[PDB]
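I have a structure here, written as structure tokens, and I will follow up with some questions on it.
Apart from one protein chain that is not included, each protein chain of the complex appears where it belongs.
Chain lettering (A and B) follows the sequence in which the chains are written, and residue indices restart at 1 in each chain.
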Amino acid sequence: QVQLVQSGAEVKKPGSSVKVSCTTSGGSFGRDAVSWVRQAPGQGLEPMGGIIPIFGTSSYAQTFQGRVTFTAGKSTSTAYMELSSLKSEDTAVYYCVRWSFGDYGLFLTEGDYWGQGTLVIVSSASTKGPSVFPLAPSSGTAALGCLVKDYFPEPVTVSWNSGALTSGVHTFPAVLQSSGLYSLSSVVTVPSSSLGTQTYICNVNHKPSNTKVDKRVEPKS
Amino acid sequence: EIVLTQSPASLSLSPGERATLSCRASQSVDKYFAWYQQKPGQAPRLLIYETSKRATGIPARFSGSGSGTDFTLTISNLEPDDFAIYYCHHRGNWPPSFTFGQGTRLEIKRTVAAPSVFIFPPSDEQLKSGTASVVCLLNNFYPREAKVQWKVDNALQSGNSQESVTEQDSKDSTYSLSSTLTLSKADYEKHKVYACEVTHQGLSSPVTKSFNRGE
Partner (left out) sequence: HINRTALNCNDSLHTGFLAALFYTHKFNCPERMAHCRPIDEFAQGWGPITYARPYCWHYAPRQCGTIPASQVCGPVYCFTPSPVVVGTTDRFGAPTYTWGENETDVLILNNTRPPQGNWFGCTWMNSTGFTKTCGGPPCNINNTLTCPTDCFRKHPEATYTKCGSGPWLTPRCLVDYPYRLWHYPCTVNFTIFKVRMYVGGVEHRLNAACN
């Protein structure tokens, strides 16, 4: 019955260093290795290496050699990971995993104990409100949308016509831009013979900045 | 540096069927092979450890096999929301290290459906801010893999675009994608023909949507 508690979600200016924490339940680690696995938004599970706290033996994966460092004490509850010279590629979730290892005698591989994950977002930015831009309709059915651009951090919530139009609505997951800000598109497909007459408005709501914007999307002239 | 290559990348199936995933290894592997699943927004779940042993709680549907360099995960009577991404995994070597697969996506099986392509020019309010964004919509297609390329006055654009994909829609089992192109206000006014060219299995030929500046 072992549990791991990881550091809180952090946000670091690009090109700095970040230290994430991993603390275990049962007093200290022992005979066990504490390994680190990252996952960038959407991508696969990408291991980084680990440390074996009892011996001090460091394992570094080839993708991160030289900027990552693993520390732990022989009988401490906590094992560390520091990553220096962060870019936006590093924006990811970092897991620590405690496992027992061996192939041979008294020591056989047991255990899969994972932490809860530590989100690290890499941006120059501070809480900023979105800029809502129309994607005007032009050409059956037509498409129109809202471009929620240059906001930080997530989440925004887009709904249409105060929530009465939900059918045929797509709000795509946002993307971290090179600025460090977020950009989003919600679109909805509507009957083409309605464009001049049915009014369309999208409701953008960015809780971190108390920004509420209602931008009317009207076909271009 | 053991390299677990996992195949297929995407498996397109419907509930009730048998899902078989393979993972081949650059070298032999000392048992302690593991299979994991990951649902969106959730952390990976252990299914099988030590090549064949089912984890705690895992239904008898999931079966493991393999040895040496070749391992397979066997999912019988595919049930709803066994549909997720799957990773093979190995533990060992000195210094003790993790190797993971590249991943495999179980999606809900559908008929091929081509994308609906709409192109959006930059707002006149956005141009007032000094940036132009161009948006390309692929609205409801299958399978998930559609390629988009931005051509501005016949110049292929690399490093100016960024895209997102939705998750498979509960009812139509299709996908959507929007790609966003960014240019400076001046550089956008340095060109005329803005094009969005889409490649997809439902399309015998590239579909190109485009507009002319101001027109």
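Following the convention adopted for this analysis, a residue touches a chain if its C-beta (ideal position, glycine included) is under 8 Å from a C-beta of that chain, and two chains touch if they have at least 3 such contacts.
The chain omitted from view is touched by exactly one of A:41, A:42 or A:56, namely A:56.
Among A:36, A:101 or A:133, the one in contact with the hidden chain is A:101. Mapped onto chain A, the footprint of the missing chain covers residues 28, 30-31, 54-57, 74-75, 101-107. Even with one chain removed from view, chain B keeps its contact list with that chain: residues 30, 92-94.
Quick note on the criterion: only the chains that are shown with their structure count from here on.
Within the complex, the chain B residues that touch chain A are 1, 30, 32, 34, 36, 38, 43-44, 46, 49, 87, 91-92, 95-103, 116, 118, 120-123, 125-126, 129, 133, 135, 137, 139, 162-166, 176-178, 180, 182, 211.
On chain A, the positions that touch chain B within their shared complex are 33, 35, 37, 44-47, 49-50, 52, 57-59, 61-62, 95, 97, 99, 101, 103, 109, 112, 114, 116-117, 131, 133-136, 138, 142-143, 145, 147, 149, 170, 172-175, 177, 183, 185, 187, 189, 220.
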